[PDB]
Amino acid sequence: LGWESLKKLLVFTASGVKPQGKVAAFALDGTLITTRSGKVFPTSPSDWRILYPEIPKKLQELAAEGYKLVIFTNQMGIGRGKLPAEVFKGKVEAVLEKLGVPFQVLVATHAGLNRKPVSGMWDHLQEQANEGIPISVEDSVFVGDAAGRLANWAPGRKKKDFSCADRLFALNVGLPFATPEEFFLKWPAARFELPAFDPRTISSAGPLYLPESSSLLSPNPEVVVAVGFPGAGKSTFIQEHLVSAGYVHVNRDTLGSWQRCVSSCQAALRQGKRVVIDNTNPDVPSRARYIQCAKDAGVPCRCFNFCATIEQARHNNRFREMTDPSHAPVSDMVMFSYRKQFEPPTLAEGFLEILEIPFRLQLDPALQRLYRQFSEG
């Protein structure tokens, strides 16, 4: 009955829970419990057991030491319709009954802000569900099994962890982190792996384009060819810096073909205007084409080569999915098609210069903070 149904979040606060200035927090599935059957997922609402015999006594000690006991569980099956919320609620209370200590439980029912590794659930714990008492991150701890451990991190553990979301949730918040085996059983630290792209490296500063000695626009007409992955932030950059400066905007998600596109470039160049071709432009054929309009009109031609890697683009796309309900998702399939076809632009196709456009932070402090969070386990 201590349940709160919020948007894309469920919170249970057991009788006996008090706010505290430090937290011991756990994932649920694969950390505090596992299936009795051995299946990844429970055959029934009754298909669970406490993961290790040592857990209840550990939790009792933590509580005596003044730790608020908390669960951060990803349960996207509820948002996906696979698992009824009331069934889960019943399961959580029975678990808690068995664990024998007061817990507060936060449940990420959906994709996005609250789904580990993104720190939505921590921020809710802190801002909304700890009665205003500041939590010391350094004195707290997060324990979870989605820890990005390598295959054979232990005997029988022949496959790497399905996910790194638990470790990364801790990394996003700054929480000391352990796996269930390291924490409850005092096993040695297992080897693990983090995603290649680390959003904490994303900088807001830095030059806008390269070389820093050249100049973004020119006073005279010219054709600018944009190159970059889908979701790389091309269109946003172009509106901000070119269209607002007087360049004609040519775009292929809007038009619908490359004929529609080239004739706009020729047109606009007759109209004494400046054109920018805002599409992927993965390969030599695509770009030579717009290079030909430039040479037709006796105008220079440049390339804006967006440096965004595939993981930076994917990251950008998740950030937009999370913060903008109108943003159309840019699917991976579409990412791989570009990559499969990509070949770098070279001065030898006929560019006066190629500009490199670095990937940087696109804006409110809370959204910056969100942007440099790991967002995929």
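For the two forms, the rigid core is made up of the largest set of C-alpha atoms that agree within 1.5 Å on superposition. Positions refer to the first chain, counted from 1. First, how it differs from the form deposited in another entry.
Core-superposed comparison between the two forms: among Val105, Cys164, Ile277, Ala108, the single residue whose C-alpha moves by 2 Å or more is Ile277. When two forms of a protein are overlaid on their rigid core, residues whose CA moves 2 Å or more are considered shifted, and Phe351 is one of them between the two forms. Once both forms are fitted on their core, the CA shift for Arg191 between the two forms remains under 2 Å. Positional change of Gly81 between the two forms stays under 2 Å at the C-alpha, relative to the superposed core.
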The other form holds:
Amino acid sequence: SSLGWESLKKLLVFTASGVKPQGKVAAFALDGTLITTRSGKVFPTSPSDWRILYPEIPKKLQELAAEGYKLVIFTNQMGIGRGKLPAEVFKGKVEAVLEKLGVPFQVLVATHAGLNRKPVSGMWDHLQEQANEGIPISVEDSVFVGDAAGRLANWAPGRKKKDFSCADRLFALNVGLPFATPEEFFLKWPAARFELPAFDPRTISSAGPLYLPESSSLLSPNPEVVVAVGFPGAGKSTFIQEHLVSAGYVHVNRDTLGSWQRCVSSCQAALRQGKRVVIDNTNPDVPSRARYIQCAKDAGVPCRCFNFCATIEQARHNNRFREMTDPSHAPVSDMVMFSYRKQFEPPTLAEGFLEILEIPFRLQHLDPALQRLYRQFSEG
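Show the form deposited in another entry, please, the one above being the form deposited in one PDB entry.
The following holds one chain only.
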């Protein structure tokens, strides 16, 4: 008599018989939190390779349900979106686990990257907005329990390995939920040491100057070559389009001209016509930039560098954000980010730049909802 499974593009939801909406929730991850492998291997050998993680678990769940907590699972299962784990098989595994736990659960399953993948709070919002009969949930009175908690190596005998991820802890931080690991919650073990990511998108801002030094000017009245430098996926092209190309700068993209000679001819022709040029590429190294500086030198026009300050993790954050929110965004691969960092050398005046502007990494004028999303951790 369970309502059963609902299937959405990037979400599965199961609602067991006996689930009731409530004003407070006790939520759990699945793998490594309520279950682990029966085989004793790190990864399951089959769909049936599971056992309840600790014998203490069903007693705690019975107590929570009697106290009026709605019991919920929030589980990341990317293998489904990637075609490695059949949805219909995973659904059966979940039902079997729930039968063994012996209490009514509502389960939410993030099958893909993006809005629903912890730590992004998409599943919470779905629970609250669509799957709780309109009853507001007190986050302060709720709890999330998971093993992707960013713990350091050796927090217990047999754990010479740090947690694979901090996604569970960060999900709870994004929602504002009190958080505990499975051992802290079910076994009353002392709290384990953990680390958060170095980049905290909650401290991102829209304030401050667009570029430094403020006494400089984005535009020049005369021909010149501007060389943009910075990680891909962190908003360079958008900036360049908004502030330079819109002002008549000729956009040069070496990647699409093919050869170097065609790129310089293009630059030279623009300058000969009295135009200004911007090179909108990553340009991470001295040799990469030297070609454009030499071109400018040969033409007798100034070369300036716009140096975008975005760090690798800011850029990767921005890229994930745009993947989730902008249907036209071209995803930047981790390979390309990695490659850029490996090749990067900071620009200096000795290369031959007239001046270097720094472009700080700042929040876009995004919709209120998108600004809330921008401030969420999106990778564990």
